[PDB]
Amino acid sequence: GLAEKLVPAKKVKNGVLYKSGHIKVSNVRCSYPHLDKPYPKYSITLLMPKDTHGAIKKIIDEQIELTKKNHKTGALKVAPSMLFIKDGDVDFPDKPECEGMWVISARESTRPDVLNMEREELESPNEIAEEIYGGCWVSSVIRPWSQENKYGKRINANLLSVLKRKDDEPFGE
């Protein structure tokens, strides 16, 4: 799978930047998983605790700037509201699980690698949905991409892998 192919560039607390621009965010809480079947797109929201993910957030900001620079129509300007990463303490007032979190949204049209706690690829949609529920903790590999169309200018994140890390209280989404 993906993990065996990636070549690390920089490892920090709770994260890795790869030479290919992939970013691993480790030990984050998931929300709204759509890993079983597309919904077409697969998707997840990652709630990344600010106090333990500062360095990887800094790297994410840097990679967002690189992605703007290399957009296919030339350097792309994107407002903070149109990025895949948002501030849980400002942009999610009525969602308490977002307190003290960076909120990352990632999507893909093809299924990401989905690994259970034993680092085994899952295949059954029902098993995937049971294994990785909203509220559990995961680690995930994402990579930014730039978009410019009639609906706006965005920096999005491809969802490339999700690894189950720990059980916790379900959000019941």
Given for the second form:
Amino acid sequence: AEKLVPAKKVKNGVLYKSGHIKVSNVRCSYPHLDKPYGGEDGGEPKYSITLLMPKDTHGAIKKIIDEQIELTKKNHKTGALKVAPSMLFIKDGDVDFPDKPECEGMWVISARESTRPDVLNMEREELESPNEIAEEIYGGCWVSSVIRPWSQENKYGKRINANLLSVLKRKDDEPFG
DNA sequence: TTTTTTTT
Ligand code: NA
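Starting from the form solved without the DNA, produce the coordinates for the form deposited with the DNA bound.
Below, the chain from earlier opens the complete complex, with every other chain and molecule after it.
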């Protein structure tokens, strides 16, 4: 549920007082919302999505994400955390994925969660069956998503990752396949 | 309220 209290609203996004961030009107790729992904090779399976944020239209919400990344580093429970820019949930499509046409001119956000996120159709109805979830949110559609940064400091390294809380269908478009 | 991701 969006039972959150806005702190700051910008074009294509909202920062909430709880530290959650809504990233609005972004293109979806590689959804794993019907069934969790990963944990073939040691890790535990998680639901996930990639969000493609156009650089020309989403600069304000990008700035909020950066600010919140810094805040998350500073507030890490064991003390302020140093994290490399390659170890964040946000990547630069033009640098990191130059051979992927769908990433051209995009910020690329990866968000994951062990608990299945809320999945809403355009009528804001919450979906429950894996098949209906897979049909609704297909790679290439546009969504709005609630995420929240978190700080990782463990045996595998130091990262700022993003919890995936909700995915709302916004627009249909050509599927990536 | 919690915790490795990764392009896949
Ligand atoms: Na459910």
